[PDB]
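Engineer: Here is what each chain is made of, one letter per residue.
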Amino acid sequence: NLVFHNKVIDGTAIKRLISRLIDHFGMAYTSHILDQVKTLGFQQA
Amino acid sequence: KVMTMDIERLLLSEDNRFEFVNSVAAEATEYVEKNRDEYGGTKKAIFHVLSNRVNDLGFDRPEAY
Amino acid sequence: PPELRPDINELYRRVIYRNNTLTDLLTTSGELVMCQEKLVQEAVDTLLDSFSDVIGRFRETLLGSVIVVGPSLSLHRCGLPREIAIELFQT
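Protein chains in written order, with the numbering used here: chain A, 1 to 45; chain B, 46 to 110; chain C, 111 to 201.
If we strip away everything but chain A, and leave its shape as in the complex, we get:
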């Protein structure tokens, strides 16, 4: 679904991404997608 970024995640960029995810999928997917991106962020940090 989503475009491959190949570019750095600014805070504005992730605000765009999360908003577009909520608008595309609704809460159902995005509440899991964001909750997994939590774990990804923790891992890479």
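Hints are not guaranteed to be accurate.
Unchecked claim - Label pairs and their calculated CB-CB ranges:
hint: 1; chain 1: B; residue 1: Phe63; chain 2: A; residue 2: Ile33; range: 26 to 34 Å
hint: 2; chain 1: C; residue 1: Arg187; chain 2: B; residue 2: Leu56; range: 16 to 24 Å
hint: 3; chain 1: B; residue 1: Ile91; chain 2: A; residue 2: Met27; range: 36 to 44 Å
hint: 4; chain 1: C; residue 1: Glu113; chain 2: B; residue 2: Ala71; range: 34 to 42 Å
In case anyone wonders, no lab produced these hints; they're calculated from the structure.
Built from N, CA and C at the ideal position, the CB exists for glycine as well.
Use these hints to put chains B and C onto chain A, whose structure you have.
Structural biologist: Below, chains B and C without anything else, positioned relative to chain A:
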């Protein structure tokens, strides 16, 4: 885990979120009136209503998942 | 009733005393009677506005653990301690 997607599906099904939740409360209180089995342990009447309704949507979920 | 007032008791006592004194001066046998009528008026007015100082009950009587951040929770979960849950769910 998955049960909230069913909730969202039913939220997407019903034309008013508040009316949906009212209908769930009604269904649960009439369930706990038409049946007087205790039905209060590891499975709960709310989850039962959600399960039966998603089964009406045709989806293979067991009672209280 | 006293169960709703277990400072205003002093005001009720003062009103009771002033009124009983005024009745006594009316009945036992006029400018002193008038003086007691005045002091009864003052007592009642002080007691009403006091109730006005009690009037606030809408906010005071009608309205009105430390957290730990846990990565291992899901976005919809929380961890509820045994020592608290055994109190919360007791019924």
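Engineer: Next step is simple, just say for each hint if it's right about the structure.
Structural biologist: Evaluation of the provided hints:
At roughly 27 Å, the beta carbons of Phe63 of chain B and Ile33 of chain A sit within the given window of 26 to 34 Å. At roughly 20 Å, the beta-carbon separation of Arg187 of chain C and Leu56 of chain B lies within the given 16 to 24 Å, and the hint holds. A hinted range of 36 to 44 Å is violated for the C-beta pair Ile91 of chain B and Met27 of chain A, which are about 19 Å apart. The supplied range of 34 to 42 Å is met by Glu113 of chain C and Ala71 of chain B, whose beta-carbon atoms lie about 40 Å from each other.
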